[PDB]
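One chain follows as structure tokens, the form solved without this ligand.
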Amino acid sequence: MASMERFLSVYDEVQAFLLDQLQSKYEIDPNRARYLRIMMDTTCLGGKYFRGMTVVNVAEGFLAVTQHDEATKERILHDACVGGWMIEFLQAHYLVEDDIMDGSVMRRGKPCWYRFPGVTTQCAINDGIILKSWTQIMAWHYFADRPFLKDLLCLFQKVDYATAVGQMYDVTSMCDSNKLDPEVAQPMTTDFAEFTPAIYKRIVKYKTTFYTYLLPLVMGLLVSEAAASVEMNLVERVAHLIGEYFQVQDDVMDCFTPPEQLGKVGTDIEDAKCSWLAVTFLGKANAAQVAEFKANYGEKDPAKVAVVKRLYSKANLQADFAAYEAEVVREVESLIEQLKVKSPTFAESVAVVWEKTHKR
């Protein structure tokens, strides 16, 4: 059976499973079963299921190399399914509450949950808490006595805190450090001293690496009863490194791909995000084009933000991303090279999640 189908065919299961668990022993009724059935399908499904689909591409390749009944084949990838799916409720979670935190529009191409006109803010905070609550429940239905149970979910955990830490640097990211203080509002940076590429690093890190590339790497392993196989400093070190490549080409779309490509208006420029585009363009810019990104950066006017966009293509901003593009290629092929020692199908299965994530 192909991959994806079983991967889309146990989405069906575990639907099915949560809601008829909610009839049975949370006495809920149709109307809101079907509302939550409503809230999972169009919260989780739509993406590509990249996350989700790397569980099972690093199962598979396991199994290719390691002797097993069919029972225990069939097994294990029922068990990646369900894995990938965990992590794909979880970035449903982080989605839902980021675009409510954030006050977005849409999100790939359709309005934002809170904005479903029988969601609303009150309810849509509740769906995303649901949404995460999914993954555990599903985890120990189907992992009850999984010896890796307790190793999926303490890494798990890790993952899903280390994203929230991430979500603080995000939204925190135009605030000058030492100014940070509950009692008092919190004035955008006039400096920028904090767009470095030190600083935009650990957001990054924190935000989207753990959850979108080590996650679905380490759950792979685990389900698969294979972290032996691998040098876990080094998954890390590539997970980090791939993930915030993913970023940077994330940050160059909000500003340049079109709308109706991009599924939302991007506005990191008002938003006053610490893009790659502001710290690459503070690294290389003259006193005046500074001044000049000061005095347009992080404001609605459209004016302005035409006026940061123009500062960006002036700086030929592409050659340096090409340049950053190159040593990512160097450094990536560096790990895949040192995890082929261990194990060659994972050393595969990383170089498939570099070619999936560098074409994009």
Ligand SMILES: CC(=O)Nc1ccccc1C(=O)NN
Second form
Number of protein chains: 2
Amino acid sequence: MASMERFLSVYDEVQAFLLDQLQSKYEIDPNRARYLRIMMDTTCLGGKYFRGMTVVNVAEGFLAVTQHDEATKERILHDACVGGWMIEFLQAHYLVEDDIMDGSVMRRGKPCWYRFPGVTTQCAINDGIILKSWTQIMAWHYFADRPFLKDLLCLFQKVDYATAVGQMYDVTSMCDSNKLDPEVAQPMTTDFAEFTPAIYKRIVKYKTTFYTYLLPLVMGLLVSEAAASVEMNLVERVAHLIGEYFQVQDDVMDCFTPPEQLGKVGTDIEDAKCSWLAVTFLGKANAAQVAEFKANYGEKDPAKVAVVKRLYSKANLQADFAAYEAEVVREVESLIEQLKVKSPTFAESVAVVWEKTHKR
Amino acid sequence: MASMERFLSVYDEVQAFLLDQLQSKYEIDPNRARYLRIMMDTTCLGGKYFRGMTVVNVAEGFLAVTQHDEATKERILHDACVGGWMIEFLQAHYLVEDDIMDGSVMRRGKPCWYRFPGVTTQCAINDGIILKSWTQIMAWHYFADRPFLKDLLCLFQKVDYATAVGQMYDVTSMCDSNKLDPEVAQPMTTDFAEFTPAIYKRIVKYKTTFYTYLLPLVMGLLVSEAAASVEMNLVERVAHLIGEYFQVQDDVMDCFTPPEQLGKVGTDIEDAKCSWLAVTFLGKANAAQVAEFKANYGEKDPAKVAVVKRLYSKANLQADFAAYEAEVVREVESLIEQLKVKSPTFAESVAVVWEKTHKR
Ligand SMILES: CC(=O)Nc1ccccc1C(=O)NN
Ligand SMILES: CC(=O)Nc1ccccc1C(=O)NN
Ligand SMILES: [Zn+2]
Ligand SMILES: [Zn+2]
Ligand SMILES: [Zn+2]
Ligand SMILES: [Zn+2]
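Starting from the form solved without this ligand, produce the coordinates for the form solved in complex with this ligand.
Okay, now the whole complex, with that chain kicking things off.
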């Protein structure tokens, strides 16, 4: 069986399980099941499945070097697929809620879920809640007797919580820290003093890297009973590194990738986000460039947004991006080597994860 | 130590733990810790703690009839307090998200969290996410080596998921089921055919009873290692019963309790909710009363809202409420008796829970 065919098959299995359970146990009616089925499909399907398929790829790597009965290979692959779907549904939860929080319009060339006419914000907030709740149902059902259940649920919780804290760091990145106050409406920074590489790194570490890279790699190790083939501090190090690079690419595309190709209209400039471009720009700008940036950033006026894109465009940020890229290539290749001391297999999966990231 | 003093003390402990953890492990800064501290206080504190204190009361009941070392009594009481706070934070999550979903204004005489000037919807959605995430952190930290950890986390998940499904039943209660469709903007019912006692019961079972009554009673049993002193089917039966009664009281107050005493302006009529009053009214109305209700319900116009309150007011719904009340008294007293076959203690705690409900 090709990996993706298996993974998609398991989607249909898990869907059927969750919807059947809602009928036998939760008194649901056919029509509300249908709404939830459509919600699931709409929010979970249509991506590349990178996160979920990484769990499967990591487990296939170990299968090739470990002795097992055929039924045990099938159980491991089925558990890798379940776990990969947990991650995909977790991502779905955050995309639905983020889209609502950020007033987003489109995602992937289609309207955000909350914007569907028969959804609305009132239902979509709860739909997003349900998406994450289904991750737990999956785990307690498919993994009920498994040795790794405890470790997987603990890992998933820590990853979820890091991700929520990263959303907080992200949405507050354009405020001055010393002015955060629930009682007082929050003004945009005027000094941009908190637009630094270290602050940027913290936002991205927490908002994306844990769920996108750490969790799929560690989940693959757990369903394989292979956590002893790695040094976990190295797996954390390489996940945070590759994950940062991924987000830098995403920041640059928000600004410069045509909307029809990006799948949405990028608004990081108007939203005053602490993006890689803003930080890198401030890190090399002269005084008049910093002042022009300040007069124009975080405004909806398209003329000001164009002034920002022009400043970025003339500041030779491609050079800074290639220098960054070169350094990440260098460091990820060193970590991959440190990962061979214990597992060629796992180091190769990390290599594949890097290749898929680097060359998109 | 009085129970409430202990419970409040443990709040301060748990708060300190979560905020310290955010500093040592999650790279938080003092200012964002302070925002989260204020958020926690604002959303978790200020109620009666009924839910959390039930866990403590149930565990105190068992302590009085079970032999233990004093350190073991202290550990049980501390675990009951932690678990009670998990429930209180879970309720906080749902109140924050519900308030956003329903466009609520006030809760308990203060603005809803999302309406604070330095919060907004963008941050409050995520704050609510964090509230529930903190329930998990509590459990994995305080209960890490406890025998009941697995059973508690499984119970809490099922309760959370039931509650989300109940929010779905609630927010869609005024739509015709056969017209639910994410693609099509949802019209209000015109026939009210789905405003039935059985449909009402399903909404309330799921939206309130599991977290308000089932979970505190079962959590008390689990931290006490006492689940064998009960027949779980009876504990489910009595929790769903008392919980329904609680929600009927809440529905009647939304309509008839003065705003300054209710702590908010009740809008169930304007929101077209499937309330006890609407259902009970339709269950006795003549044809002209049903038609007047239909012409007036689910509208913001205060004159129409007054027409609805007038219809309810002339339909002798107090009689139906006393008849309901009498039947619930009767049935809960029968269940309490069935609960003595195994535990006087637990049956008394259920009695107290009922007294606190019935006489508010
Ligand atoms: C078209 C494109 O992909 N990028 C740019 C265009 C204009 C200015 C800067 C960049 C850039 O990448 N900066 N790092
Ligand atoms: C003042 C009050 O608490 N209740 C009513 C007032 C007017 C009409 C009906 C009721 C009622 O309770 N119905 N069950
Ligand atoms: Zn966002
Ligand atoms: Zn982006
Ligand atoms: Zn609501
Ligand atoms: Zn109410």
